[PDB]
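2 protein chains.
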Amino acid sequence: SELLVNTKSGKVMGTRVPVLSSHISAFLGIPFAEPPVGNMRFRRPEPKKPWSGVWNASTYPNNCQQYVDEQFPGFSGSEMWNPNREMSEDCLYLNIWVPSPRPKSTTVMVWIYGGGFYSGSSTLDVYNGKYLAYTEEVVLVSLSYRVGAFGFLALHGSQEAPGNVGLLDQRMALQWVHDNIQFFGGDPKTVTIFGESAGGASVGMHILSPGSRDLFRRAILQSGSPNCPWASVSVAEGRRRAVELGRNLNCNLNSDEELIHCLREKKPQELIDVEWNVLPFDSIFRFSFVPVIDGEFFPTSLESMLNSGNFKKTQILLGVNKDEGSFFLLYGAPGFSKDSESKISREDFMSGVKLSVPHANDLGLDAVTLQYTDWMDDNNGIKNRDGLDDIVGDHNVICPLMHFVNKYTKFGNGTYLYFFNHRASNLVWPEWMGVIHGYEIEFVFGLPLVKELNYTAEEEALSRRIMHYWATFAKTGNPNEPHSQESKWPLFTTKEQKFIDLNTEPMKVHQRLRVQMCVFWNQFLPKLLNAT
Amino acid sequence: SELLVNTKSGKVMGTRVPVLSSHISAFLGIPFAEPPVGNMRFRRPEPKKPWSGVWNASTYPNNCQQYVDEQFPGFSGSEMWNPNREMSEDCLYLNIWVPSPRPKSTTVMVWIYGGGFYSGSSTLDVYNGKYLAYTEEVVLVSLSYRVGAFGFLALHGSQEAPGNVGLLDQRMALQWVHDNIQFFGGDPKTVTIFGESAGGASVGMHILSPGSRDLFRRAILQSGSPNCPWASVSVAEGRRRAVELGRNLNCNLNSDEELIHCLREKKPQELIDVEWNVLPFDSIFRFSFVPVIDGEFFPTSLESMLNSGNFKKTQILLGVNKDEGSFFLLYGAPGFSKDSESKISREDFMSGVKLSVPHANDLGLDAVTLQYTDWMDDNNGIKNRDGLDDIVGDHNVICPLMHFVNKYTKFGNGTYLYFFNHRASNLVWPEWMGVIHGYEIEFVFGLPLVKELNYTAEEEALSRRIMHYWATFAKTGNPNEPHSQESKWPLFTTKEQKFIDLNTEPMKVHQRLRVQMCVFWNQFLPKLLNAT
Ligand SMILES: c1ccc2c(NCCCCCCCCSc3c4c(nc5ccccc35)CCCC4)c3c(nc2c1)CCCC3
Ligand SMILES: c1ccc2c(NCCCCCCCCSc3c4c(nc5ccccc35)CCCC4)c3c(nc2c1)CCCC3
Ligand SMILES: *[C@@H]1O[C@H](CO)[C@@H](O[C@@H]2O[C@H](CO)[C@@H](O)[C@H](O)[C@H]2NC(C)=O)[C@H](O)[C@H]1NC(C)=O
Ligand SMILES: *[C@@H]1O[C@H](CO)[C@@H](O)[C@H](O)[C@H]1NC(C)=O
Ligand SMILES: *[C@@H]1O[C@H](CO)[C@@H](O)[C@H](O)[C@H]1NC(C)=O
Ligand SMILES: *[C@H]1O[C@H](CO)[C@@H](O)[C@H](O)[C@H]1NC(C)=O
Ligand SMILES: *[C@H]1O[C@H](CO)[C@@H](O)[C@H](O)[C@H]1NC(C)=O
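So the protein lines, in turn, are chains A and B. Taking our numbering, I'd label the letters of the first sequence as residues 61 to 592. Taking our numbering, I'd label the letters of the second sequence as residues 61 to 592.
Hints listed in this document are in silico derivations from the structure and should not be mistaken for laboratory results. Careful: at least some of the hints might be erroneous.
Since the list gives no way to pick out one identical chain from another, each pair is judged satisfied if it fits inside one copy or across any two copies.
Straight line, CA to CA, 27 Å or less: simulated BS3-like cross-link-like pairs of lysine-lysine [unchecked claim]:
1) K555 - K403
2) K467 - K373
3) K443 - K555
4) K108 - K327
5) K398 - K414
6) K71 - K108
7) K403 - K443
8) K109 - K249
Based on the sequences and whatever the hints tell you, model everything.
Here you go:
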């Protein structure tokens, strides 16, 4: 049977799913690791023991335990990111969409979801891989990994809670794909890992980590890079937050063994209830439990690795959205609301700056403020609003990615950069939020092709073009169709630094993306904070 | 006789001079102080002992001893600023142009020449007061004062070389005008002091100094303000440069009396030959002997005086030119030449920045560099050239004046601000230099009215308009003609901060002159240098 596949871990039975008037095979909920439950909580994942019989892979698996957004109950804009399956620590599974008839050895794409390392699910409707798998004829895989304290509590030195285990979950899934995707018609030597936000950061981390490099061919990073200020902490900061977490649950803190033991007896929701109380500063765009520079997964600092070319050298395709920072301002900055234009006063602008660069002294705050203020019109609510939006997106997403791309390109084998600036016509979020963090995803997964979701014809065309770019890149290392009559997405070079816009208008090539602001964030500000 | 005037110091005989097909009286070379020669060198000026008989005031006096620009021998552009009379320490004289028939009690305007406090003459063709005196019917006075070490060598504590004596020369001339201008038909209660560059700074200094306030009614400052970074030094820096000057002339340095004595035996040219060797840094737009915050002429720091409103409160009219910094770059920055477009390389730009902000550390230099660099086109020679030009003008002239005007306006009784951006059609300097430091002067003195100088009709009209603004302001404290049909030059207020452009085009009102850059120079940079 086309729905029956014999893997090295055992037999699996998929289900035939309908897609754009056709069908394909879907193997949902395939286990790739032993449930990280009980004394296994916080531990490195263990490969799933092979099973006898046939594993029923007809339905989605549980989503990992995570904080649930209730800011706008029932609002689709936010609900679409929340777990749509029951939560459970028994959540290490992967899903596979396979073209029908089953391919023999085709391009494979593995999706890593974002969610600030504290949330995320591989089962979201917006991550449905059937459209992409079907349209581009690729074997699409979406993995899962532990988030929150469960995936990133770090107590360096102990083997019970070493940290980075969520990244190891990802790696194990990639190991499984490398070992078994061939049986699903996938070519293990042509696997592209791709993800957005924390998932984009993750992809970058697998590019850096020696232990992950050999498990994939190329990579795509969307609105995220390994060097993002929110993507990692030092072993010292990690330990401090772990201890503070224990302190929030009245844990004995005399030893790691003591702390770990206590944390393991707590119910999932007990950890989630206090998870945000460990942040060192009053901030936005900062998450409690994230990857840690432990000297193992990452041998040295990320910057020294990037400088010395200590990373996998292959081709990469990455980019950012126009208004990466709007969502976090909405959720955590005074003066921003979902149902108003959110014109910001000068006072709220200053408050916003303080929240956005939590690690800065007064001189630093003054530098940022000066950089983003039009002094000929400083009390303009729109300009103040948009200014804060840029500060957040530039500092947390765009500039970190630009630093990564420039460092990578020096040693890499091909870079393709994009700037997504199309505001979807059916967008439910307010206009002031613009082109939102994460809203390029629906185009990458081809949702616009579904009439019921009512996008415009132009948007359907954009999605098809984006899907073909992603899949062609995954297949060849070049998003451009060889001998095509279409406009060519140019390579990004250390010299020209070219990139393209991704929207419903005729492709346009630009250079030095957000260079003026990124020189400030990547060169000047750090030097300033270092000296002062 | 109309050319004979009996003053409290003695009788003076002027000469009838032709002007625009008419005539007026000119009393040139009137002494207002005893020659500051011999043991009087470096000393405070002494009032001129009254004389018996008639003083011949038919010809210009000698110019004070000063450095002479020989960079472009014969070039009118630079020669027009050099002494056009014989130099001598016996140079404390003033000139007076009087309408004919002699007025009874008319508006008086006293000109204070610039020249970085190290040079300058009241006899330059560009300072000929006959056009202004004739056209606007005012008694025009141009004074003189010691410059260089002669006027500003400062050894605080000693009464032989106290410092600021050049400013005291100016004050004595103003005292003379207050005491005798009535005999020339001038109204001593309606005297406006005006000057450009160091002369503009001087005007501001008389506004601040308690000992000068009562000697004039209102003021006009052109391309200069008291708080300019080059306009003054601390008593400590003043003493250091005095000692270093002595060290350059192999003087005994065991005591002030010793140093002073030695310096007094040197010929004028001996001091001038080493005058520039005492500057602490490799810089541009910095002069060796300038006013000193001694605690006498200026009771406290200039900034505290400005903050507390410790200054004369009256009306003021002031402004700057579009390209204040070009001249100094030409003379002291690598890559600039009179006969080329002076497109600057990135290296020369950096060299220029270092020379322009001599008192800054690396972080400071980086801040300036970042502020004036277009990172989307950093190797553009024109942009680099123009960028440096703005750095020099903004830092040394415009921003200091904007800080002064804003501080003054809080306590003042009326402020009128202008931005001169007309490039004269007969300008001999290269195009890249733009609207040059000091080139608004010829319009203020009405040279365009002289056909032989071949300006355009538009420029003649501009000059007449500027002359009428200056004289009307001097007469009433408002440059605007009451009940006029002409566009109104609006008051500058702390709230609106309005100003006008001064050129051959229809008057246009703007607000917050160079505010973006001045917030950098007046608020951010200082804070940065203070912290780091
Ligand atoms: C990728 C992945 C997720 C996306 C998405 N996720 C919702 C993001 C909400 C970010 C703002 C932080 C919200 C949680 S703050 C917080 C708190 C607490 N506990 C927490 C515990 C865990 C995480 C956050 C917690 C308790 C004290 C009160 C605050 C959203 C968007 N894009 C995404 C793209 C676009 C806007 C809608 C939300
Ligand atoms: C008001 C007053 C004067 C103006 C005017 N004066 C010429 C300004 C030249 C400025 C650059 C500094 C030139 C002297 S540097 C110098 C040196 C030395 N000694 C000096 C001694 C005194 C003063 C400067 C000295 C010896 C070592 C070599 C250098 C010029 C301009 N505007 C002016 C407006 C516009 C450009 C033409 C020159
Ligand atoms: C300059 O000062 C004069 C008075 O010293 C100001 O005029 C006075 O204004 C107040 C309030 O506006 C009136 O109550 C007085 O009757 C006015 N006195 C006279 C003699 O007019 C004038 O407003 C000030 N100008 C500026 C720009 O500050
Ligand atoms: C598991 O497979 C069975 C058929 O073997 C079928 O009921 C369904 O696809 C799965 N179970 C659930 C959740 O209904
Ligand atoms: C001084 O006045 C005399 C006439 O008294 C006349 O020669 C001339 O105006 C002046 N002297 C000079 C320099 O010729
Ligand atoms: C688009 O269809 C109708 C309007 O034509 C609208 O009511 C519906 O909510 C939209 N579909 C979705 C996916 O919300
Ligand atoms: C203007 O007149 C002629 C050209 O018409 C020119 O040669 C002369 O130099 C100019 N006059 C001046 C003041 O230089």
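Hints, one by one, checked against the model:
Within a single copy, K555 and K403 get their C-alpha atoms only as close as 40 Å, which misses the 27 Å cut-off; across copies the closest is 23 Å, which meets it. In this homomeric assembly, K467 and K373 come within 27 Å of each other (Cα to Cα) only inside a single copy, at 12 Å, whereas the closest approach across copies is 59 Å. Only between protomers do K443 and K555 lie at most 27 Å apart by alpha-carbon distance; the minimum there is 20 Å, versus 33 Å within a single protomer. Only within a single protomer do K108 and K327 lie at most 27 Å apart by alpha-carbon distance; the minimum there is 24 Å, versus 98 Å between protomers.
Taking the shortest alpha-carbon separations for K398 and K414, only the intra-copy value of 21 Å comes in at or below 27 Å, while the best inter-copy value is 49 Å. When the C-alpha separation of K71 and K108 is checked against a cutoff of 27 Å, the pair qualifies only within one copy, where the shortest distance is 13 Å, while the shortest distance between copies is 115 Å. Proximity of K403 to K443 under the C-alpha cut-off of 27 Å is restricted to the intra-copy arrangement: shortest distance 8 Å within a copy versus 35 Å between copies. In the homo-oligomer, the alpha carbons of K109 and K249 lie at most 27 Å apart inside one protomer (25 Å), although the nearest pairing across protomers, at 104 Å, exceeds that limit.
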